[PDB]
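Model the full assembly from the supplied sequences, consistent with the hints where possible.
Number of protein chains: 2
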Amino acid sequence: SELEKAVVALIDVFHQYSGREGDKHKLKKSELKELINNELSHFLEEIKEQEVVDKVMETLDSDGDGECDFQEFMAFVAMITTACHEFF
Amino acid sequence: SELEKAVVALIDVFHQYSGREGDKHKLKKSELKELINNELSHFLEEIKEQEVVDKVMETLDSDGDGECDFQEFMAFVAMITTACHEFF
Ligand SMILES: [Ca+2]
Ligand SMILES: [Ca+2]
Ligand SMILES: [Ca+2]
Ligand SMILES: [Ca+2]
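Chain order of the listed sequences is A and A'. A prime marks a further copy of an entry chain. The first sequence runs 1 to 88 under the deposited numbering. The second sequence runs 1 to 88 under the deposited numbering.
Don't take every hint at face value.
[As the list claims (entries may be wrong)] Footprint (simulated), chain A' over chain A, 3 or more residues, beta carbon under 8 Å: (1) 50–59; (2) 62–75.
[As the list claims (entries may be wrong)] For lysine to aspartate or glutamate, the following EDC-like pairs were computed, each having C-alpha atoms within a straight-line distance of at most 20 Å: (3) A':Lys55 / A':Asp69; (4) A':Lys5 / A:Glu45; (5) A:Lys5 / A':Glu34.
In short, the hints are calculated from the structure, not lab data. Even for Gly, the Cβ is constructed at its ideal location relative to N, Cα and C.
Spelled out as structure tokens, the structure:
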């Protein structure tokens, strides 16, 4: 179904980016920056300043280890999706 | 991107099902049952008993109004996606 394909896509995109550097199952700041800039260009302003990268990570990093894990990424997707469902 | 397409798909599937009966922005039990059976057949056992419908709704309905709203649906998707990311 389209829903199953959506679930597969969320897993795949997280792993494409999380696997680049360091912990292969978490997004460091550089990985999260590239994910947003490359994959969310219709929904979010391009990130071009360290201050914005820092603030985004600070927001998403609920457990405070400085990285975005899969559960934190799902919370981010839920934010984006809700903002879209409510833009209209 | 595939991520943007995934976000659009989550909004679309919720609205296809939520719009059938009653509140057009929430899933009642019958709507949630059909969503799971029709759209999540690879990830979840088909629901064939009232007891299972009831228990699923009870689990997803965080705010206790007896229906699944968009935020509760996103939490459900996060459950499914995490179970999949961890099946392997
Ligand atoms: Ca990483
Ligand atoms: Ca974290
Ligand atoms: Ca409804
Ligand atoms: Ca509810």
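| request: Starting from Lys5 of chain A', check that the Cα of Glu45 of chain A is at most 20 Å away, please. | output: Judged against 20 Å, a Cα distance of about 18 Å means the pair holds.
| query | Within the segment 50–59 of chain A, is the number of residues with a Cβ closer than 8 Å to a Cβ of chain A' three or more? | reply | violated (count 0)
| task | Go check the segment 62–75 of chain A versus chain A' for me, would you? Three or more residues, Cβ under 8 Å, otherwise it fails. | result | holds (count 4)
| request: Below or equal to 20 Å on CA atoms is what counts here, so check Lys55 of chain A' against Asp69 of chain A'. | output: Holds. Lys55 of chain A' to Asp69 of chain A' sits at ~16 Å (cutoff 20 Å).
| message | Just to be careful, I want the Cα atoms of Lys5 of chain A and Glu34 of chain A' compared with a cutoff of 20 Å; is the pair within it? | response | holds (18 Å)
Hint 1 from the list above is the single one not met by this structure.
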